[PDB]
Amino acid sequence: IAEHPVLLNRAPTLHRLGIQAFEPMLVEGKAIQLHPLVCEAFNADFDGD
Amino acid sequence: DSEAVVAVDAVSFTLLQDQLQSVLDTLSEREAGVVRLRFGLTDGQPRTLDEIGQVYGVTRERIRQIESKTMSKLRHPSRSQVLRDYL
Amino acid sequence: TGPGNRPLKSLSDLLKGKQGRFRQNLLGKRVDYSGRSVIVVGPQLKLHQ
Amino acid sequence: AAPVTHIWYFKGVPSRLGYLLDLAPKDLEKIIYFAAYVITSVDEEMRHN
Amino acid sequence: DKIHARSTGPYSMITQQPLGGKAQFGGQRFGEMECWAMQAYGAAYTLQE
Amino acid sequence: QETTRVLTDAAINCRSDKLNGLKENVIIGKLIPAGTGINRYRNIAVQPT
DNA sequence: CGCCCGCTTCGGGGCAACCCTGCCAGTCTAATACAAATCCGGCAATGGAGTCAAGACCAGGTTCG
DNA sequence: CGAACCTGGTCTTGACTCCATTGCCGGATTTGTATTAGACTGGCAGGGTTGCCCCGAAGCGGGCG
Ligand SMILES: [Mg+2]
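Chains as they are written, first to last, in the deposited numbering: chain A, 491 to 539; chain B, 441 to 527; chain C, 392 to 440; chain D, 98 to 146; chain E, 1039 to 1087; chain F, 1227 to 1275.
Any given hint could be a false lead.
Each computed BS3-like pair below joins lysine-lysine, with the alpha-carbon atoms no more than 25 Å apart [said to hold, decoys possible]:
#1 E:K1040 / A:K520
#2 C:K407 / D:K108
#3 C:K420 / C:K407
#4 C:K409 / F:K1256
#5 F:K1256 / F:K1244
#6 D:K108 / C:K409
#7 C:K420 / C:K409
#8 C:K407 / F:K1249
#9 E:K1060 / A:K520
#10 D:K108 / D:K127
#11 E:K1060 / E:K1040
#12 C:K420 / C:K400
#13 C:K420 / F:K1244
#14 C:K409 / E:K1060
#15 D:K108 / D:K123
#16 C:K437 / F:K1249
#17 C:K420 / F:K1249
#18 E:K1040 / C:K420
#19 C:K420 / E:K1060
#20 D:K127 / C:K437
#21 F:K1256 / C:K420
#22 C:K407 / A:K520
#23 C:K407 / F:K1244
For the record, the hints were derived by calculation from the structure and aren't laboratory data.
Input sequences plus hints: build the corresponding full structure.
What follows is the structure, encoded as structure tokens:
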């Protein structure tokens, strides 16, 4: 996995910053852990998105 | 679509062809030639023992001896260990 | 109509509408090497992670 | 075993067959579904004699 | 119930696209708005892939 | 829009597409002519000095 | 004297977010008669393909005077 | 120093076996066609129910020649 980015999309992709690439790192459990600053860029809250 | 390509069987079959070509290249020229012409590796149409002896100048029975020897040789685990896992 | 009073999907109806080949299968396609999960916040990650 | 008019060049608005022959679309649907005849040709010399 | 991933699974019948939904494997719909985001980055190669 | 009506008068006029827009190259699988698909960047030679 | 240019009314087609998540729709004269097609099930034309068993032989390490 | 030995491949002969493979061959089934002689003589049928917009078409009032 190391140094191999992945594209993250939150549907719908309203504008250009709705797709953003991130270097992954493995995290236990089953949820995509997301940085707290890009939530405005995706317009993503955490109520089940 | 079950009729479509499984797309790992293709790379598996190509790797199987490569491993089988390596294992056949462990044999000699007469042995690998007899095996490839017996199973039709070169054309898809496997010629039989009389045609193989005709292209090898010998009897069909000599070819049967050679084919028995090569099937004895291939059944050794020294060749079988990297082919058993392909089924 | 077809059985059950269903209108038969003719040749033009494969291009018309959102169900046509253009907007359903030519522009937007389903992609392999994809994935989907519900997100959680990751306040120990760095911004590129 | 007998010719057929394309529905795209007849029924769409404006009717392209209708403009190409300067026929009204009511006349065109009256012709191409065998509801009314059309005088496809005429004579002049035998006509006046 | 919600997590999902597919590297290579089934494919559709008429067009040869991957399928959809967690019941099959399926891939995520890379729809039109994702395509506009990838164009707006200028990333042509990734859109081609 | 109007996939019927746009198509037929293009077919009447025998209008030839030029494959130089942006929605065209997305459809036919070529690289888009914007961002990393223009020939200012797509023909870069890289040699090690 | 009779005859057609702009409102005007009416038809009439196109389109109205993006992911998931599903998963299978029907009935009324009824029969014979036949000819051909075609399947199909089984001996017999093989005939060729495979198989066993013996053997011919060189010669090459291996055993002996 | 020279003579045999047993045994590897290498190949040959010839007989034996066994099974494809047509070829009939007779029968079974199955696919298509013809034929019914009292008299019968014009259909059932709901999706339509938006909103808005653009536009084509009819239609009439209006001045008009
Ligand atoms: Mg939310």
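Hint check:
In summary, the hint linking E:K1040 to A:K520 is supported, as the alpha carbons are separated by about 9 Å, within the 25 Å threshold. Distance restraint check for C:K407 and D:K108: the Cα-Cα separation of roughly 16 Å lies within the 25 Å cut-off, and the hinted pair is therefore satisfied. Distance hint between C:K420 and C:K407 is fulfilled; the C-alpha atoms sit about 17 Å from each other, no more than 25 Å. With a C-alpha separation of about 24 Å, the suggested pairing of C:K409 with F:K1256 holds against the 25 Å cut-off.
This hinted pair checks out: F:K1256 and F:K1244 have alpha carbons roughly 13 Å apart, not beyond 25 Å. With a C-alpha separation of about 22 Å, the suggested pair D:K108 and C:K409 falls inside the 25 Å cut-off, and the hint holds. With a CA separation close to 13 Å, the supplied pair C:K420 and C:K409 stays within the 25 Å bound. Restraint check: the Cα-Cα separation between C:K407 and F:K1249 comes to about 17 Å, which is no more than 25 Å; the hinted pair holds.
As the CA atoms of E:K1060 and A:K520 are separated by approximately 15 Å, the hinted pair is consistent with the 25 Å bound. Simply put, D:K108 and D:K127 have alpha-carbon atoms about 12 Å apart, close enough for the 25 Å limit, and the pair holds. With a C-alpha separation of about 8 Å, the suggested pairing of E:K1060 with E:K1040 holds against the 25 Å cut-off. At roughly 21 Å between alpha-carbon atoms, C:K420 and C:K400 fall within 25 Å of each other, so this suggested pair holds.
Between C:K420 and F:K1244 the alpha-carbon distance is near 24 Å, which keeps this suggested pair within the 25 Å criterion. Under the criterion of a C-alpha separation no larger than 25 Å, the hint pairing C:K409 with E:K1060 is consistent with the structure, at around 23 Å. Under the criterion of a C-alpha separation no larger than 25 Å, the hint pairing D:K108 with D:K123 is consistent with the structure, at around 10 Å. Simply put, C:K437 and F:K1249 have alpha-carbon atoms about 36 Å apart, too far for the 25 Å limit, and the pair is violated.
Straight-line distance between C-alpha atoms of C:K420 and F:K1249 comes to about 14 Å, which keeps the hinted pair within the 25 Å bound. Of the supplied pair hints, the one linking E:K1040 and C:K420 holds, its CA atoms being roughly 21 Å apart against a limit of 25 Å. Between C:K420 and E:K1060 the CA atoms are separated by roughly 17 Å; this keeps the pair inside 25 Å, and the hint holds. Using a Cα cut-off of 25 Å, the hinted pair D:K127 and C:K437 is violated, with the two alpha carbons roughly 73 Å apart.
For a cut-off of 25 Å, the pair hint linking F:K1256 to C:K420 stands: about 15 Å separates their Cα positions. The suggested pairing of C:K407 with A:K520 is violated, with an alpha-carbon distance near 40 Å, which exceeds 25 Å. Restraint check for C:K407 and F:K1244: satisfied, since their Cα atoms lie roughly 23 Å apart, inside the 25 Å limit.
In terms of the numbered hints stated before, the structure departs from hints 16, 20 and 22, listed from lowest to highest.
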